[PDB]
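S.K.: Spelled out from the first residue to the last, the chains are:
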Amino acid sequence: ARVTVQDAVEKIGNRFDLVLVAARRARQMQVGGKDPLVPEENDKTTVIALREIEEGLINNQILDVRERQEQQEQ
Amino acid sequence: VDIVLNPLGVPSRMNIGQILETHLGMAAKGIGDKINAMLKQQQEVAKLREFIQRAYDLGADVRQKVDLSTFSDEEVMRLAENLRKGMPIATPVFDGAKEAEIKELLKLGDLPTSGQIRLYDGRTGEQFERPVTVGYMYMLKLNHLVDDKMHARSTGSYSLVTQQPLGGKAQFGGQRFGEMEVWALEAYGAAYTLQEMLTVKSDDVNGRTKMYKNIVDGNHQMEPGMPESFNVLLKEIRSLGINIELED
Amino acid sequence: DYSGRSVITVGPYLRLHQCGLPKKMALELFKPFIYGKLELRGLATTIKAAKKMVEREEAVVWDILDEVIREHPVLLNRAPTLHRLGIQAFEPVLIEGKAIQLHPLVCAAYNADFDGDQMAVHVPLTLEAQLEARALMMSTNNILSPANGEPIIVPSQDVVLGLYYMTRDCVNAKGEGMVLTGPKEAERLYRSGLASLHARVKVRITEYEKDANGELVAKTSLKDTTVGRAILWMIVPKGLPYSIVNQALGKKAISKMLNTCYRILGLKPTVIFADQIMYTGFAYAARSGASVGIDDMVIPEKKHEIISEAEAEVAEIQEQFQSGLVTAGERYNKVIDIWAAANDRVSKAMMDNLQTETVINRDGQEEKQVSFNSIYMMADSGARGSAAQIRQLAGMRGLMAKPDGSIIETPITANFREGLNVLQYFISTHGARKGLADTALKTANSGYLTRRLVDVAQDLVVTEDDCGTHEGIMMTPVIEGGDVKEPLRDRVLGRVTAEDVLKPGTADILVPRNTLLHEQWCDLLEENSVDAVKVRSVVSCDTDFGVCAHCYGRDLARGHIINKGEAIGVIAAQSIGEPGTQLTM
Amino acid sequence: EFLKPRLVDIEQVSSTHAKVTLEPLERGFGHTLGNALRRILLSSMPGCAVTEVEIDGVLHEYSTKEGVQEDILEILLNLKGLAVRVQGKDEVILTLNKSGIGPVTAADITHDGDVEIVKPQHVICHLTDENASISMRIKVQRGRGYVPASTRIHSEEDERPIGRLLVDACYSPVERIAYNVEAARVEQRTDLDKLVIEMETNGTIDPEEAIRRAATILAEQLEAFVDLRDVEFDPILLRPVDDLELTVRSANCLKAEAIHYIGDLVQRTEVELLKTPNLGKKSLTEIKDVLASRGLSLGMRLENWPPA
Amino acid sequence: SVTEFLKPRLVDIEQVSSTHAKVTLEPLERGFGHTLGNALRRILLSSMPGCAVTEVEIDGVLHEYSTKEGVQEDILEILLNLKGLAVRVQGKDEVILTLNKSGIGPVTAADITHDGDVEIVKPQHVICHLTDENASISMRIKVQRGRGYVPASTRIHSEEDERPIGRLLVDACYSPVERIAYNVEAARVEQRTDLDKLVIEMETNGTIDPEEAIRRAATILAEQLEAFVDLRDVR
Amino acid sequence: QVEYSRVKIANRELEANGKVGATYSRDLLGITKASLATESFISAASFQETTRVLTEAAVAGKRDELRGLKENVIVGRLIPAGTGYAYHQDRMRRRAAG
Amino acid sequence: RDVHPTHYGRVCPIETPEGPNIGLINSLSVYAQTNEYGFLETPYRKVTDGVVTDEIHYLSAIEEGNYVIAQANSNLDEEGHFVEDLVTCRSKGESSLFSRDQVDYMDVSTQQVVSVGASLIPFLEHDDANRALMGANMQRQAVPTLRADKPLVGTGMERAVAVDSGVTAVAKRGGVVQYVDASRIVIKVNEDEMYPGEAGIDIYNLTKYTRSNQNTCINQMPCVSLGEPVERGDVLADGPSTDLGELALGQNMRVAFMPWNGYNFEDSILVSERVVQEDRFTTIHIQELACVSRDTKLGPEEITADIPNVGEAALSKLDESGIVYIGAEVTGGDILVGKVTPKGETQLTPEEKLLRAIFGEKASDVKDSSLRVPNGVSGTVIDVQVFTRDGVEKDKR
RNA sequence: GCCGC
Ligand SMILES: [Mg+2]
Ligand SMILES: [Zn+2]
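Protein chains in written order, with PDB author numbering: chain F, 2 to 75; chain E, 1094 to 1341; chain Z, 348 to 932; chain A, 7 to 237, 248 to 324; chain V, 4 to 238; chain U, 1279 to 1376; chain C, 548 to 944.
Hints should not be assumed to be uniformly reliable.
Said to hold, decoys possible - Derived DSS-like pairs (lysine-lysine); straight-line CA-CA distance at most 25 angstroms:
hint, chain 1, residue 1, chain 2, residue 2
1, Z, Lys-521, V, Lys-86
2, V, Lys-95, V, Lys-71
3, F, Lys-45, E, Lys-1306
4, C, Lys-755, A, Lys-86
5, Z, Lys-549, E, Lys-1234
6, Z, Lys-649, Z, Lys-603
7, Z, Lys-549, E, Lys-1262
8, Z, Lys-832, Z, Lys-850
9, F, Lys-45, E, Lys-1303
10, E, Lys-1133, A, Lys-271
11, Z, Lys-566, Z, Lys-521
12, V, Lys-104, V, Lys-125
13, Z, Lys-566, V, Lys-10
Hint data in this document are derived by calculation from the structure and do not stem from the laboratory.
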């Protein structure tokens, strides 16, 4: 449970961009075609994405490179 | 005790009538408790009449001249049986009881003259460090209840014009998100919340159904559109001699 | 749609990010979510079956509702939204009843009181909206007000009284000169009943300092303090000095210590500290048992003498006027001045009697310490009330008149503890009526002004990183005759210098150009003798269609610099127009 | 090592007032025991109280009876304060029938087998007219705490006739309790305390029995602390797939495509299922046609899948 | 129905370090959390058998205020140190120990003489970092078992000030409970919602792990009521 | 508008004919008169007298271009501030490139 | 909307609405009355020499501007003289001290400047003016409770407000009480006062539970027991929020002034469960629902028990005439009145023919439009007041 | 319009 999102803010510091990053990660983990990279503790996808950002393994650039890799795979 | 109030509300609001009425009610209920206890033990009528006469002659030269000497014994019995729950004293508007009279009324009923007693915490059993002002205050019940003030809505009926949800209870209306709330949302920077407020929740006729279908399926996607109110405004302005259009 | 409304009450057990949501108000806002969770789990196949089952409100429906509310934030707003803190996002908690339980610490931001107010509840039903409500509008996110930079979530009233009564000292009490090995022993001694909250003792206390670069170092010693302060020391986070506890904490030390905790440690230790402060303040305020009686308002003994002297003086000046050497205006002004002086002297005598009333003996002879009078405690601690209200309660009520702006000659010599005559009450009704009518008729002007400001500043956004201009404006402390209003620190904090700052020693550069000033830089400047600093402003940004992030200083709500895309015009308009409802015209 | 308190000098001031004394106590145990006993006694003590009343000619609480001075609401309020004792039963029925002039009390309640009225002067009604009759049936139940008449919904499982009047139930015989701690007379010991508990009830429960019940409740609660340790639902689904009466041609295809239950059938979309070998456009529509007869459209999305 | 009361199930213990524990018990019927927690806290904090140092004797100056010969740490701090040391004496009501040291280095509690009956849980506990530079300190303490916390308001032992100077009147902390605090929260079971959840946060100086102390306090409290629950027992 | 002047002068000064650039005298207006002079007719018509603002806009045949916060709110788009700032930055580069 | 020095004994300076209408709506003082021309007046006591007289003069705003008016709370001796030489007076819209001989009039009493609403506030002189204003304005929003409870600390105006309002039932030729009941009081008027012929008795029919304008309850209950002599003007029954002829619109609560763990933070109130158990602050609310059978071109609208396409469970609480039984408890969306609206069809197609063959003669063509309880509304059915037109068949009930 | 904030 991410009561405060300070660390996630400092990982990618705008307080506005991480909203979009977490939104796209939650879309990936909710609509389909993706699985969490952090242990799921019966939490909603929003805070799972926030925790992934806080842990330092989710950001816009790696999202783009993964999207390019999946596009090239098919 | 039955009611617990905050001492912090007395000095800023400047209500000393609160405290004075509390002390006076404590004194009156003390006299009533004395009468009730003396009636409980089946005490003779003479002592009870003596006590009531003593209580009715208090004060510093009051204008009431109630006397029990001419009262019939049955009348005395009935009156005493009417004062078990308290002695209903009366203070006129701009003249009445003073501090000395209230204090001697307290002293008559075997209560501390300061008006404050020692309270013990019902949870811990420990005694509160300072004395606490206890008494009786006449509390009313106003006509504002939550059985008439609790409302919630998710989907209902909308007007034919502007296709927005109705307003107020008994029509199952939605809360109005006025101009200042939108200013606050803009100042926060919450653009998606604002957009979902303006289009999906109010006027996007296709957007409402699409978003509901997405929610039931579990998609959480917006797919916004054009509010009906702007179309109504465009038709209104075009109904004059003025042309307004959405260019590409 | 997806909106609710009901009356708010107080929940003291809540966290800063939590609100109490009735389960009947829920299950209606979250109807489509419950339908989706029912159809997805297999409990109901068709939408009709799920709709009917929700209509019948079975137990598994409540279970699924509890499951679906888990991490969905909800936002509450109050009807007169004056600034952006009038709408905030919380995490709902299911309670049984019909009233919303609001956290007390956000009432000041909401301007909310529990005497019949209502709120509105909206559901942010989108992933983007959920993230925005969590990462932007959460009650833990906004702690400093975006108009002056001071903390807006601050303890008040009962919490302040508990903190103040906890951290006081009495000349003689249970336990004197005892040596305690730590704060835990002090708490054990108080709980067991072997000592008092205000007893003076010595306790070993371990401090922490952030002097090392991103590192915490330890420091332990024997400090002279009281039992209550030792008990309070168990709440403050590591890294703070002990000088912030060894005080009385009258609603102004607690705000300063919260601000220091924010500026030194961060955001989440600050919210934890605030919640713990509220808990301990409520607990010890309940433990104290403070109450108000009719003997708490003590009237000075010399008040009657001062009244008699003033009456004799006005009789003398009336005789002098009857002799014919004084015109109406001069005698009127002299009588007004004499009555004002008498009122001031009576108030001073009453305050002197009320200040150090307690005279408690000690181990040797007797002393005089600050009074433990309940009314004086609630006034000095700042929990509620001021000196003028106490003067009205115990001293003279004073001179007052507002039929047309003039002043009555004879004053009200009776307070509220004693009775007021018919004439005096009828006189005070003039001011009461004027004040209430003024209050009811200025809100329209405030709203119109706020509308005009918001519209004139709606389309202003930070759209650039740095304009690069060398322009700026001249900053000097505000002086006026023989008095100072604003020191340079308040006027220059969080601003970017347009030009280099020179010490009185020539050719000495203290801070370079295009730099952001903060607490350390302001303290360093105040250490030297700087008087004028050139800082850039928004009226010289020279950028087109927007404002640079450097010409506009740091945002007041968050310590860092302001980021691109922040609508600053609306914030400025709301910051200017939020007052005015309290401006006397 | 520790001295133990013993209940000595139990004394009864009046029918309601009573005193209980525990002579030997240690330094701090007196206040702990007193507060625990007071909380247990005021919170949870069993008793019997009136649950519902059924008067002869009335229909609702907001009516009036010709010949009686009070409204039915005040009759119910008076009956709420009736104090009774019942032995061996929890659903006794107290019938009352009286005609004449003057007030009616609990004395004229018909004498049941094992039912004791502690206070037989409780006035419940006043009769004013000579030829006026009153007759009610009072149900008395045994309970523990305060139960409002609106919270109980299980009573609506069986239809209740028009005329049954539901009253609130209090069930608590204990009304007031205080306690004090005094110095004991034992001089051989250094310093001992004594506990005196004063209680005011309605006369339903004995003081000693109340103390024993409170102590037993406390001990049963404390028993847990002495050893801590500890350190697809709809029946239409999950049916055999051979219940739809499909064609022979689709019978072979479903076996090849690993479809064996009704539930796994409904999780396949049209686009990919058509790619399965030899399904046929017209034959697939018959699968949808049959599944439409059960109301399960093709393409549903469940969460979990057990083997059965 | 009647006479049946809810019992806690699925107790959760959160062990912290080796002397700090948090115990959660649920569900509890309304108003029972406060009663149980308060009774347990009062018993644990006011009346628990234990052993603590109550006497000190430093060779040389014997006044409460001393020059301390320059031992880099005042004698009041020495008393504060030796107050907090935890000792588990086996089968002996009173025993007297002595510590002597020399050579530059901290003087811990382990430097005291080791007796078979005594068990110093905190022997690494430094009484003093020796005299400044190099010198010797010799001192003898005495320990005894008591109950609760007994402040050294007065001695009333031996005659005149012989026992005081032989003890210096160190406060006696017999009960091995540094801190206990309980919080009552709301918990729900099925349709019911007014049930209490009890959270007990407990720390101990040593010689006792917290849950055993809770068990002991519950044992004494429940066994105190055997004058009323013995005959009135289910079994 | 001041911004148009500063932009026009820079373009003129960049070219050889730098003397073409025109000097200007800045003006001061009230918050009520500076609101009704905005170049977006969709705004300044939702605030004060709308008959006068629409009449002047109809004759001049102007365009809104929806460059502020209030215009996007009315037509139900993302405001160009906050989380919607990035989205409005993308739309402008596509228009410039065609 | 400002209080004027002429508002002294005519209109109340305390009682007035808050936001919009402050100063525009006022309340008459207790002793104020209207002159023949339509101007406000207030009584004063004539003062001759140094003794105040008992004769009373009513002065208007113009006449009182010339005389010197003393204060109500100025001490007097046994003979009526002023006990002190210098007394406070109003001469011309001002306040100053005058001689014992220069005065002309005296105030009748100390309530002269307060209205009826503000007269019921004890210790009014110890309250701030605006907070007392709020209290007076809030005293009128109270809801009468289940059982009345007199105030322990009152003022003495409760009897006047209770009697003058008219909610009670006051004897007019009181003799002795003959027959008492929860709904009637019959008084045998004594012989001393009597209209000749036909003897005579007084019959009072108390109004039982009745819906008010604010959907509250109005109820009257007797105060006399039996054979109890009563005089003229005595109270027989006390209406809503009245105890033995005294205004009782609240309850006496035991109060402690102390902070309690933040549960009385700001203006909140902490309440014990014992207050809930004794049914204090429990009020009865009454609601009126009506249905009308109105004629149509296609045919008349009938009220009948049998409702097409309605199960037998729904008709359980309906009588043979389609009206709920008295005392039935209805919740949610239960049906109250069974009403059917006719439908028009003069072309008997074969499908409708076989529909009529399989089912009843109507075959449920007649639509149903029945009065159902609105959602969230529950309560016991008190009264049914069916009205019928002249000529139409009488309803069974 | 009346009332509540
Ligand atoms: Mg309020
Ligand atoms: Zn700039």
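S.K.: Quick check: which numbered hints come out false for this structure?
M.R.: Going through the list in order, the structure violates hints 2, 5, 6, 7, 10, 11 and 13 and respects the others.
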